[PDB]
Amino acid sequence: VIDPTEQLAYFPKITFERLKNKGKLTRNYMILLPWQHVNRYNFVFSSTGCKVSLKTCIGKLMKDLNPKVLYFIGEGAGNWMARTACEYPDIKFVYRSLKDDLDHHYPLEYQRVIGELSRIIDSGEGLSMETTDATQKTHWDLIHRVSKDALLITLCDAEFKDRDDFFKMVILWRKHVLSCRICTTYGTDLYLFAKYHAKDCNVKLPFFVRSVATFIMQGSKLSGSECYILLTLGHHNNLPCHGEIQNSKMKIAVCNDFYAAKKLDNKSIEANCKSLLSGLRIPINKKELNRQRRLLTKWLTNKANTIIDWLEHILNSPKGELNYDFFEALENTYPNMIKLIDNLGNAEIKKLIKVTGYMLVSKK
């Protein structure tokens, strides 16, 4: 009872830089908050699709290869997969994610965005911990238990402990696509679009693994050196160097603004509000914040005051454009910044930025 293409208007436009396979650009933004969640207010459990998209980044490859099935590894609640389902309404999916008590091993976001799970032909159900671990041979051995389609495009958004774990996955992918009866029959025109953290320089990829392009996303945490690398089979080359990623990341932060989503998913905004502060309603106005202050009259009451104080600061703050120059102003105009980051945890602060972004967009 849901049209996927209609749901796509809840996802924001993606700004990125492609580096196909020199002075330094530096700007020290005094920011302590995860501002990359500013345009992600319409999403609850996972929001990767606000940062990366197959139609925007690898649109041509999607058209040229025309895959019937897509293979997703490492997705939490499957928000990237959810965006893909909206962009490509006839594509079926194979989902894998580590069976942990830590992050989601089920696509909650996909179930929320897309109506049902009928297009997820393999959800990884019944599998053990090692058969869901991309750094283990058995995961790759059982990837074809339902889908008999070759791994034309494999999407990996897994967070690895170290680069050696990343190499374990990349080597296992190569070993699969060069052994597997299904995949070998298709050929060597097979791809792996994986998340990577460019820490070093001149780091060779495994034998017969070649990087086609590097993608630097506006939606990646400003502090790190995260990027998305498009790999294929062929004479090996180097992984992206930390220096290249920095200049690219900087230009996007200094030049570009975050696009807001064309439509506001009021159900999710209400959900993110109640998740941040129980009983918080929309519109978030002076009357709403004074009501929340009144309800308080402990550790939980301390966190609630911290939240209201920030929302009150955003409320009183002038309207600006969604960019890091304005975000730095927002932070360095608030007297209790250090008290905020100390009292609220990482998840609470990401929820706070989602709510903040909704408010900033709602202005004027």
Second form
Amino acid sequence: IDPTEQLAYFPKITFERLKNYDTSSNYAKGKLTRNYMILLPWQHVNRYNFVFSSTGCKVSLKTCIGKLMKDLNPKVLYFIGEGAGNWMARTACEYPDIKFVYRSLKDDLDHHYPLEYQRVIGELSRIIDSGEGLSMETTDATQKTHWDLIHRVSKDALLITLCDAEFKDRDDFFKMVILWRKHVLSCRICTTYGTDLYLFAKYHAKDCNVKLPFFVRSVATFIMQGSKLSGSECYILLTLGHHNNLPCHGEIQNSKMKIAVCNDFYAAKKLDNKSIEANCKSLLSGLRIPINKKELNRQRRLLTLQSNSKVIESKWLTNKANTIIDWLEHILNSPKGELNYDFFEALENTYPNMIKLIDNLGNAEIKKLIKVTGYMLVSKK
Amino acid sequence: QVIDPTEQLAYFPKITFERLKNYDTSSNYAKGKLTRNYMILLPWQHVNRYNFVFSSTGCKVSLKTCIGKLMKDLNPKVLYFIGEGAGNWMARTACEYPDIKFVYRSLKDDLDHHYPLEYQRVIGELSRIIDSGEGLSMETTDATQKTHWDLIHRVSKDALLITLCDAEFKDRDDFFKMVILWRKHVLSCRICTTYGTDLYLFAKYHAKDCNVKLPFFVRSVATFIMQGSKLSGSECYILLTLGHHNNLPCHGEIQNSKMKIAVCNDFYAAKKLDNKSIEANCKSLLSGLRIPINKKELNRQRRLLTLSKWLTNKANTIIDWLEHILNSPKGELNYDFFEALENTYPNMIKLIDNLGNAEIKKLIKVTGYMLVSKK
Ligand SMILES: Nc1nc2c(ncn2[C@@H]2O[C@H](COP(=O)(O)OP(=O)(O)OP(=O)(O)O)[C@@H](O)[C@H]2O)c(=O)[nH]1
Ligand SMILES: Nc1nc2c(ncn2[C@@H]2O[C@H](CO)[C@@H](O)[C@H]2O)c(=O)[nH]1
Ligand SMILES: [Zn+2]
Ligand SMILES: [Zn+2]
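Structure of the form solved in complex with ligand GTP, given the form deposited without ligand GTP:
What follows is the entire complex, opening with the chain shown before.
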């Protein structure tokens, strides 16, 4: 299967690049605030074409760091804390000749194998190092051993290292940043390319005026439309050089808000009907495409015939089902609008049983529910 | 010598607006608020208005843009413009719709234009104004008086399908006087009664209060929030019709919609430059000011002033600002960049204190030209 053809399944990306300047601002700018009364993760609205990971819908190398990718021209890319590898899968479609070195923490929580890359690309042939036969310690980016064994297959320098790992504290993030630096300055292979080595990593801009480790200079800060509205998540492009400050909550919030108020979510050019069906069946077993009044009423019929392990115990499973159908029915009866938080705020505040929904469905179920919602909204008119 | 209206249309800038359709449902959801405090003191809504002199209402509101579908469906042969002043809104309409004839009205007083000066400058001749209100009293040109409405058909025998009002009223009571009289006419008048309830009044309104009921049998169809309206206020254009009455737009609804256009959208510049109009505004701002405005042109004005201290103080203030605009980097036409321009100027309060409302509006037109002229 052609990678460039598969690229039409990933949506377009809207973002803001805040280039780090040595010279002071000297502006004294106002603040941009808009309190969206939303309870659902609407950043999954354009991610219906994906199942196990959908990071590729949020961040893209060709979109954000396209010029650096062109200039440096990496033969191999290093993906750490990647999970099911959907951001790595998008990269494989945008750059069809690049090989990959994948690493992800080996635990029961989430994934430690690229299930989505396997799904999108078809085969793991381009993943020259998938971290097979490694310990939990050697797959942890906060440990020295992870960095020591990074070249066990690939002998190419760490020109562009991609990190989408979620850390406990900022101290764990610092552990990784320090270890990256220690490697790129010690390693025989890497030392050859010098200071022109990059680490593009996910960071949550909590505080302000926080100094990066020594000889770690942030080049730019990327604020994604795909990042959760509630937080202060961003992607920082780091390099070796005279250290500077991590992005502050303030700047991130102003940029985060402009994107939420102004821009609309771009839908995918093509529809992966097998992936949509998978998410539909993942949300509610037996859910079929297209989702219409007829399709919804049969799901209402299927639960009626079941009621007419304990007998009282199965009432929990049917309660979840009703909640899902009630929401999808509400989306169906809702007028078509543009994919934006103003319209999403309207959808939620037009629904009477909103709090019952959040109470009855888990975080993963509600994310799945948004993928299905997004498909339905795109399917309209 | 021949003046084409469609060619003249390239002098009016593009319009950005938000239409808030009034829904019978009587069920509005609970929403959040959008706030951004722009530290601005100048009427920046005049930046894209350099090509106009006496009136520039057409830079802000347009019939083809805002109510193009209604203009198509109800194809009006004649349009009625009340409280029009120099008639720049009417002039834009004449360019967008080259076959429509007009009936013009504006209050006959020393305080405002009671003759379409801008229409004349744009179109060339008053041939399409079949009724310019010639030989009428101040009472018969006041939209709050019955006699104004009684004599509206003295020339035109076409129904009031679309009535345009850009009048500024003292109280909301005066606005209500007009709205009531429009209704009284469109329901009494032999000519108008024929078209029934499908008659419209697109009037300018300041959304001050909330949950204010429109007069009986007067129903608002939609509310238009213009980018061209002053940021500070709560000015909007309401499209009214005959029907079971509803509520006037509330200050609340407006402010969010008003703010979005300020944060998101940029001011579109005019495709062509009316160099005669620019020169007129330049000479209106400061006598002897010539285009292009450059370091050489500004230093000449500094020199000319060296050889009545009140008049020279105003001149220095103007030159100081234009010099600041000249030395300023080119940016996009938006409130973020405009906030930067006056945040970068040290004598901001002296400016507002030394120049009148009309002078500052002229100063912004000249500023807009200079900003567009860059790079
Ligand atoms: N919460 C959240 N997850 C995001 C966001 N952007 C990307 N993600 C990633 O997407 C994952 C959840 O989406 P999926 O992998 O598509 O699907 P899911 O199988 O329904 O979910 P989980 O068990 O919650 O991971 C998260 O664990 C993140 O790795 C975001 O803004 N918010
Ligand atoms: N939008 C807007 N237009 C104005 C304002 N004041 C005057 N104008 C119009 O703009 C023209 C400027 O010459 C005036 O003749 C009026 O028609 C204002 O505060 N806002
Ligand atoms: Zn190395
Ligand atoms: Zn009549």
